Amino acid sequence: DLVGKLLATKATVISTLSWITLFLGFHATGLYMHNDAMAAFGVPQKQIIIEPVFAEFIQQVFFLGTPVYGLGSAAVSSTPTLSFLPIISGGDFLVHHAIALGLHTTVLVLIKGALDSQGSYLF
Amino acid sequence: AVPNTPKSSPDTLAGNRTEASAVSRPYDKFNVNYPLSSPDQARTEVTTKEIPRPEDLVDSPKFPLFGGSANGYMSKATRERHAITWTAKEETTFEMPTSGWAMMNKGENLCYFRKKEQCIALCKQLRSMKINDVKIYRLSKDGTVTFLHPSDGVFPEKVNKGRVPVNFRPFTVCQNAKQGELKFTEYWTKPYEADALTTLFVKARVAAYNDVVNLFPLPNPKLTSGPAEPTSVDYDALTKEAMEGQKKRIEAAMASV
Amino acid sequence: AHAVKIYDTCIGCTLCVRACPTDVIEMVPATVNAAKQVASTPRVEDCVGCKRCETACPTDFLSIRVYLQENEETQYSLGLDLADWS
Amino acid sequence: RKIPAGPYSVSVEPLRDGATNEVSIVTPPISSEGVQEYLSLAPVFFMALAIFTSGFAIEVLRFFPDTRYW
Amino acid sequence: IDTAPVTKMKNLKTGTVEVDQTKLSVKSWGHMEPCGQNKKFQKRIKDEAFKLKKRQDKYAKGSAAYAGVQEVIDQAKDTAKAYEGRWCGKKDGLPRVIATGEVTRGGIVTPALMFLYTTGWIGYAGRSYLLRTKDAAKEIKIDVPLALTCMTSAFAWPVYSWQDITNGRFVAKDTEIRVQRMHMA
Amino acid sequence: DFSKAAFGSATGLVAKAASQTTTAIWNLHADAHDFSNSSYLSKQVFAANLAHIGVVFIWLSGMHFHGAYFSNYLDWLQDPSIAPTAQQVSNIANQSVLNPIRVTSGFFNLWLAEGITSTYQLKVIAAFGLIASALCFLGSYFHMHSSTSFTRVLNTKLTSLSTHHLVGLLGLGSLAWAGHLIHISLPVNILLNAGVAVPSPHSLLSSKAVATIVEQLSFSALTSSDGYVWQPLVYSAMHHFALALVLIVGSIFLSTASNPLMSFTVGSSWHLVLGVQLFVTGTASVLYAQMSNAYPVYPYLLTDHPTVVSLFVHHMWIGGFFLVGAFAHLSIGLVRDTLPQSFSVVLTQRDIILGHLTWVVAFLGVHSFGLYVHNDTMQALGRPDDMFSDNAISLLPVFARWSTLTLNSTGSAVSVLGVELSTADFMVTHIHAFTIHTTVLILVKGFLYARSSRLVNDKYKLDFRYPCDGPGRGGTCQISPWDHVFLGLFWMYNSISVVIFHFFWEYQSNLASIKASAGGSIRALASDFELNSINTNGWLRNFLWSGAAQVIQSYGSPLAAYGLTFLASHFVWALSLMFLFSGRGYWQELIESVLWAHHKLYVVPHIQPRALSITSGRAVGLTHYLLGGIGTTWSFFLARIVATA
Ligand code: CLA
Ligand code: CLA
Ligand code: CLA
Ligand code: CLA
Ligand code: CLA
Ligand SMILES: CC1=C(C/C=C(\C)CCC[C@H](C)CCC[C@H](C)CCCC(C)C)C(=O)c2ccccc2C1=O
Ligand code: SF4
Ligand code: SF4
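Chains as they are written, first to last, in the numbering used here: chain A, 30 to 152; chain B, 4 to 260; chain C, 12 to 97; chain D, 89 to 158; chain E, 2 to 186; chain F, -12 to 632.
Since the hints were derived computationally from the structure, they do not count as laboratory data. Misleading hints may appear alongside valid ones.
Below 30 Å or equal to it, Euclidean Cα-Cα: the simulated DSSO-like pairs (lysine-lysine) are [unchecked claim]:
#1 F:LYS110 to E:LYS62
#2 A:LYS34 to B:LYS193
#3 E:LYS40 to E:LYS55
#4 F:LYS448 to E:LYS174
#5 B:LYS250 to B:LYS186
#6 B:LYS133 to B:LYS144
#7 F:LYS110 to E:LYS139
#8 E:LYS135 to F:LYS448
#9 F:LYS502 to D:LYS90
#10 F:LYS(-9) to E:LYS59
#11 F:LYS448 to B:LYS161
#12 E:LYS54 to E:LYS28
#13 F:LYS110 to B:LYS133
#14 E:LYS139 to E:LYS78
#15 E:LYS59 to F:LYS448
#16 B:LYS161 to C:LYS47
#17 E:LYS78 to E:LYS52
#18 A:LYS34 to B:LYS32
#19 B:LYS164 to C:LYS47
#20 C:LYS47 to B:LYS133
Taking CB as the label site, the calculated pair distances span [stated by the list, open to error]:
#21 F:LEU564 to E:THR17: 48 to 58 Å
#22 F:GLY462 to B:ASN7: 43 to 53 Å
#23 F:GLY369 to D:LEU149: 26 to 36 Å
#24 C:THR70 to F:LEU564: 16 to 26 Å
#25 F:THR146 to D:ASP105: 23 to 33 Å
#26 E:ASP48 to D:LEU149: 17 to 27 Å
#27 B:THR96 to E:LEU132: 55 to 65 Å
#28 E:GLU72 to F:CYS464: 37 to 47 Å
#29 E:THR176 to F:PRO596: 15 to 25 Å
#30 B:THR8 to F:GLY369: 51 to 61 Å
#31 F:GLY462 to B:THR188: 23 to 33 Å
#32 F:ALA121 to E:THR150: 36 to 46 Å
#33 F:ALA536 to E:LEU132: 35 to 45 Å
#34 B:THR8 to F:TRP532: 22 to 32 Å
Virtual Cβ for every residue (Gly too), placed ideally from N, Cα, C.
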């Protein structure tokens, strides 16, 4: 069944989750350390600030009623509605990648333990 | 001495240690033949005359050259004792299992310990020093002595006749039934205690469940007080065709093997 | 009492017997291995659960398995030295 | 070697007669094949690779400071 | 007594979501502008130059420390001139990295390709060494000629790897490797 | 041959399939210096010691080389108030902000105490240090490969070794240093303090210089020899001369005919000697850390506050580490000896000693931290008069405030050293005592329960370093003497961290108080430490959070390196948490999945990937924990004391 298929290829699931977590942690930590070094060395301009252009695109096209970033769309709503959606910037990219790293690592540990409850080569 | 040791007897301090262990830990019991594996295994019997309780021995000649230590058993706080009776060829030094050092007597030797693990460690040390006939006994609260370790006279490292296998499971470790397969049975949480027949039966049952093309619907019970529902399906014809399917499937499966 | 089991894969090493600090494992005759001997555990009540027997078993996986049962602890299984329950 | 001396010793046996005019070279009897084998060890080889990579990065950063050509 | 800055949503009841094609480019985005005319970026550069000059003034003219700080100042000036072509917001002035996929100043496609080629080179060199040195001895004891042969021969990794993938010499059949089947699948 | 045997460990690792795992590599590293018992054990130990001496000589030569070439030592000589920097930093990446790094090792003050005035002298010392390191390496080679077995030095020739160390090494070194002081370190400091130029040091050994210019042997010389930077060197010279005399006289007036190592094997004898030597070196390091700020001995040392703080903290850490290693090697020697009957009284009073120490630790912990928590609660509840302070229930350390005695021609140190103590000093001293007692409890427990215990009765068969005995008996993890040293290292970290926190806050409080101005003479309490180091909140606010401003606002300044090391230390410390909280099995299963991923792509490494063993994981976690905590304190202290002093 569904669970049997998940168990049979549990090695693939655990390995790919491990790769995702390794990539996310490596890059988030490395970019944060690079920004730390640049700010420490009095060169804040040379930080790696990857603009969260995908979330900005979603926000501008689907949520925002005024041109805040201008990417994807620039139309202004004639009768906008109000809410408390924050306006994102460069740091939010790294923070969301940290969030993704945390979620993926938690899922990795939980899935790995659940699927190895059926047994590992050590047990 | 009253400050050195409590003034009351070990039995007085024990209170109702028995009749409470039977209540607090009803699972904690020995099998009918504790030191042995089969009922017809000689079962050599010893008494307090042979191995007396330590509180009845003062400056016994069989005691080794031991100076006493704080690491020994709890007199007046525990009543169970384990004794070692080994015969030496010469007077040499050995490590006590409770740390410190004692010197063996030329002939008979006798030590008392609380845990059997200490006695077995001392036996390992002595056998490493070329000593046979290391006999380990257990002293109970009332003084009943149980002979242990070379229970049938032959050390467990050497195979001996009359020893029935115990806790032997006739398959591989991972051939035990899974907990889900043994659900709602007495072996649900302990699949390693199930019988070989039970494990094989449930491992075949899970396979039987996964063949719904031939699995039987098992009609609903008649619980309502009203008349039987006419329905539109004949359970008798279904049962007959299921008998035919079972017969043909068994024939084909046995032809395969 | 931590249940200890012996399986067909046992090859009569006697290493599990020598590794037991409480004389639980015991060598019985059998006709399943070339050694014509198989470990048995007739004194499980003395098993502390140290799993030294599992450390000394050379088979691909443990021909002797110690299943810890924390809901059935015993003064012999807990290795009590200063408290007596008998 | 009745006198207890460590393995791989360049020491003559201390049980000698009257003063001997002998040549006892105190230098390790190393081998060119052995030295090349030792420098090919995984720790040595990979630490040398790491040092080479780090120095290459150092020189690239020195002669091309920052990411000016991004 | 006030709340957080309230943002205005699009009451998009028209039943269609319009994505402007002309806004799919960095040059058309109203929140990022080139660093050359970014006033905040220019102020950052001026502050950096002023701090470097202040640090230089501590050491007397002609000293080695003076020359070192002067070289630092020249490096900062050249870096600023290079970064004038980058894209840096409108209120921060810090140059940004555009990870959309557009090939722009400070983009990601070229660095991604360079890194992927380099690390595929590394991985293929290691894999080739392990395939041609199926021995733990040659793993602990690196066969330096063969190791460097594999390292310099892995330059063709992107095509050799795909050829092996499509020809079955790259991946291993699941029935031939140690896969976890302890549940007796 | 020898080159072939250099990688002999790796050849043996690859020879057997059982050693073709990463665990074998980690064992090869862990068992690197664990010189096994053999006929050449003493040769190996002595050669390793000589090699380490050569390494330290390399370090000293490098430090003198940096002083000669990459330091403003001459400018510091012309003006001691300037920042001592002895590490140039090249313009790579963007690190140019921290180009002059203020060195706090005190080498400038040391060299000034040695009469060094020219960088040429530092170059010569660096060259001679390299020469000495080369000689030490040659000697270590020789002893390992061609020399005596050295097996008689701890049992048979212990009298000769001890007598040589007493007379020759110690006494003659002290006498030679006294001669150096009197002849070139006093006159050079005289001519520098007076500003009358310094000749070549050898010209002071002319019998026509101030040695015979005036024969007056008291504090009277040309013009006015009233330099108080110079008197500590005079006292040091007198101390060294007296110490040399007393050592030489007492060595020949001592029995020394008692070697307690007759009953121990050579390996266990070496381990016990190492343990007692580590104890002595650690307590000496702690004593020097106290005496560095207790008594001024180096020129312009107390003025350089970062140097004082660094010396104190570094030597406290080294003393704590060596004190822990003392018990570590005592445990190793006890557990690895065949018949260690010498410790019979303590192995038979095992439970008595351990339980009394347990009660002492419990009493001290509850009392000290309850004083702290009670002060926290009373201050939170707005009850300052119910706290433990000077304006409240006063825990005055009366035993501290008395050293009066018959004079008999003495002075200075006949008192409490001119410092008054208060409730905060009492409470923090009891915290120090409790933490020291707990570290000693763990270490002594590891020593005593090393061969046997009530839980496991054959722990001597398990050697010194084992992960556990199994999950039986309820669980027997961390019973090994190694694991007791592992926990004692954490408790030493806690103890020394609190000690250095107490010292640093007291030092900053005294610096602020002496910065009254001149007119301000009622310090009331003020004394930020004395007024606030009575609560855990007081510490957390007025010491950690208060002084962290320097280390967290260091970006763009030369202390940005301290800020970055602060962050990296936090990172390493949380990684330690990762290693310490987790277990080997999980990581093994994760590595199994990753290795399946590898095998799927025909990668298949043969050195089978195994996760770190239980003891290896604990050791890695402890190493990262110590590194992170000590680095955080290092960055914090250095940034705070350099920015503000
Ligand atoms: C700061 C503390 C810390 C850190 C860094 C990690 C890091 C990690 N944990 Mg972890 N963990 C921690 C605390 C921490 N843990 C604690 C306290 C617990 C509770 C016990 C756990 C419990 C836990 C579990 C149960 C699991 C992890 C896993 C992981 C890994 C996830 C993959 C990843 O992000 O790779 C990124 C790796 C890092 C960020 C480590 C630092 C690497 C460098 C220094 C940073 C990058 C620098 C630069 C880019 C490299 C330069 C390259 C070249 C120039 C030389 C990773 C190694 C999972 C795992 O192993 O899956 C793979 C997993 O299953 N951890
Ligand atoms: C031949 C070398 C080699 C190759 C081809 C691979 C290939 C792979 N590894 Mg891997 N790995 C290696 C060495 C190698 N690894 C080493 C030495 C370690 C120990 C640190 C690991 C630890 C490791 C983990 C923990 C994980 C992978 C994963 C992966 C897969 C995804 C790629 C990835 O995340 O890489 C990232 C690689 C690393 C994080 C470690 C790289 C360390 C160095 C750079 C690699 C060594 C190269 C080698 C020494 C070259 C020598 C050549 C010379 C002898 C000629 C991929 C199949 C992931 C996976 O299963 O995803 C499906 C995963 O979770 N690997
Ligand atoms: C990790 C090891 C380590 C490191 C890196 C340092 C580093 C440093 N130490 Mg140090 N130290 C250590 C361990 C260490 N120490 C230990 C374990 C001790 C205890 C013995 C000391 C004791 C010590 C003293 C006493 C002094 C230093 C000093 C110094 C600094 C100058 C170094 C120098 O060339 O002076 C070389 C050192 C000296 C010239 C002092 C020699 C004093 C002698 C050797 C003391 C002998 C005591 C011994 C027990 C006598 C036996 C008495 C018995 C007969 C009754 C430097 C920062 C000096 C300093 O702060 O200067 C700024 C300084 O005065 N250290
Ligand atoms: C005079 C000092 C001294 C000496 C000679 C020894 C000697 C020995 N110790 Mg020992 N020890 C000491 C002090 C000393 N110790 C102290 C002070 C402690 C308490 C911290 C200990 C704690 C200790 C334990 C717990 C154990 C030993 C063991 C051993 C033996 C094997 C050591 C080995 O293989 O390590 C090989 C060398 C290493 C592992 C070094 C690796 C680096 C370490 C782990 C961390 C260093 C981090 C570094 C400082 C920071 C990096 C810089 C940063 C900027 C990145 C050997 C007899 C072991 C044994 O079995 O003894 C028989 C053992 O289990 N020791
Ligand atoms: C362990 C450390 C410690 C100590 C010494 C104190 C001390 C005190 N607290 Mg306190 N407190 C603490 C921790 C501590 N606190 C902690 C951790 C908290 C947080 C929960 C509080 C919260 C707290 C509150 C909320 C209050 C106090 C108050 C008080 C005071 C009165 C307490 C009282 O009635 O005494 C009771 C004392 C005893 C019953 C006697 C016990 C001690 C005896 C003498 C031991 C004798 C042993 C004997 C010598 C053994 C040998 C015998 C043999 C020779 C025969 C007193 C100054 C009160 C206050 O405001 O007063 C200022 C108050 O209202 N405390
Ligand atoms: C993570 C972890 C492992 C896995 C650790 C392994 C497999 C060690 C291998 C890690 C490699 C060697 C890291 C190499 C160094 C890093 C790349 C970082 C240093 C270099 C950077 C700073 C650039 C254990 O084996 C373990 C065992 C017992 C308790 C806890 C743990 C535990 O927490
Ligand atoms: S060690 Fe394992 S295989 Fe050998 S006799 Fe014991 S149970 Fe059987
Ligand atoms: S948890 Fe680890 S250390 Fe503790 S008993 Fe189990 S295996 Fe041993």
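Hint check results:
Pair hint F:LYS110 plus E:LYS62 holds up; C-alpha atoms about 27 Å apart against a cutoff of 30 Å. Taking the CA atoms of A:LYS34 and B:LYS193, the gap is about 26 Å. The hint holds against a cut of 30 Å. At roughly 22 Å between alpha-carbon atoms, E:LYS40 and E:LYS55 fall within 30 Å of each other, so this suggested pair holds. Under the criterion of a C-alpha separation no larger than 30 Å, the hint pairing F:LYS448 with E:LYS174 is inconsistent with the structure, at around 47 Å.
Our distance criterion of 30 Å between C-alpha atoms is met by B:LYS250 and B:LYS186, whose separation comes to about 29 Å. The hinted pair formed by B:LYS133 and B:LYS144 fails the criterion: a straight-line CA distance of about 33 Å is larger than 30 Å. Distance hint between F:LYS110 and E:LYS139 is unfulfilled; the C-alpha atoms sit about 46 Å from each other, more than 30 Å. Taking the CA atoms of E:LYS135 and F:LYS448, the gap is about 39 Å. The hint is violated against a cut of 30 Å.
The hinted pair formed by F:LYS502 and D:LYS90 fails the criterion: a straight-line CA distance of about 73 Å is larger than 30 Å. Only pairs whose Cα atoms come within 30 Å are accepted, and F:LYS(-9) paired with E:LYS59 is rejected, the gap being roughly 56 Å. With a C-alpha separation of about 23 Å, the suggested pair F:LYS448 and B:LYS161 falls inside the 30 Å cut-off, and the hint holds. Between E:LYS54 and E:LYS28 the alpha-carbon distance is near 34 Å, which puts this suggested pair outside the 30 Å criterion.
Distance hint between F:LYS110 and B:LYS133 is unfulfilled; the C-alpha atoms sit about 67 Å from each other, more than 30 Å. Among the hinted pairs, E:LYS139 with E:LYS78 is inconsistent with the structure: their alpha-carbon atoms are about 51 Å apart, more than 30 Å. For the given pair, E:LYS59 sits about 67 Å from F:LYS448 by alpha-carbon distance, which is inconsistent with the 30 Å threshold. For the suggested pair B:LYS161 and C:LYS47, the alpha carbons sit about 12 Å apart, so the restraint of at most 30 Å is met.
Simply put, E:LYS78 and E:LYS52 have alpha-carbon atoms about 13 Å apart, close enough for the 30 Å limit, and the pair holds. For the hint pairing A:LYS34 with B:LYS32, the CA-to-CA distance comes to about 45 Å; that exceeds 30 Å, so the pair is violated. Between B:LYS164 and C:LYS47 the CA atoms are separated by roughly 12 Å; this keeps the pair inside 30 Å, and the hint holds. Between the alpha carbons of C:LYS47 and B:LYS133 the distance comes to roughly 27 Å, so the proposed pair stays at or under 30 Å and holds.
Range check, F:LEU564 to E:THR17: Cβ separation about 52 Å, and the 48 to 58 Å hint holds. Evaluation of the 43 to 53 Å hint for F:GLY462 and B:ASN7 yields a failure: the beta carbon distance comes to about 33 Å. For the pair F:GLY369 and D:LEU149, the beta carbons lie near 58 Å from each other, so the given range of 26 to 36 Å is not met. Under the hint 16 to 26 Å, the C-beta atoms of C:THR70 and F:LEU564, about 37 Å apart, miss the expected range.
For the hinted restraint 23 to 33 Å between F:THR146 and D:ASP105, the CB-CB distance of approximately 32 Å keeps it satisfied. In this structure the supplied range 17 to 27 Å holds for E:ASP48 paired with D:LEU149, their Cβ-Cβ distance being about 24 Å. Hint check: B:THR96 to E:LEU132, Cβ distance near 60 Å, so the stated range 55 to 65 Å holds. For the pair E:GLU72 and F:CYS464, the beta carbons lie near 58 Å from each other, so the given range of 37 to 47 Å is not met.
Restraint check, E:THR176 to F:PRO596: a C-beta distance of roughly 22 Å satisfies the suggested window 15 to 25 Å. The supplied range of 51 to 61 Å is met by B:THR8 and F:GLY369, whose beta-carbon atoms lie about 53 Å from each other. The hint said 23 to 33 Å for the Cβ distance between F:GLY462 and B:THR188, and at roughly 30 Å that hint holds. Between F:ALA121 and E:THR150 the beta carbons are some 39 Å apart, a value that agrees with the proposed interval 36 to 46 Å.
Between F:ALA536 and E:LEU132 the beta carbon distance is about 57 Å. The supplied range of 35 to 45 Å is therefore violated. Judged by the Cβ atoms, the range 22 to 32 Å given for B:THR8 and F:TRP532 is violated: they are separated by roughly 55 Å.
Hint compliance for this structure: hints 4, 6, 7, 8, 9, 10, 12, 13, 14, 15, 18, 22, 23, 24, 28, 33, 34 are not met, and every other hint is.
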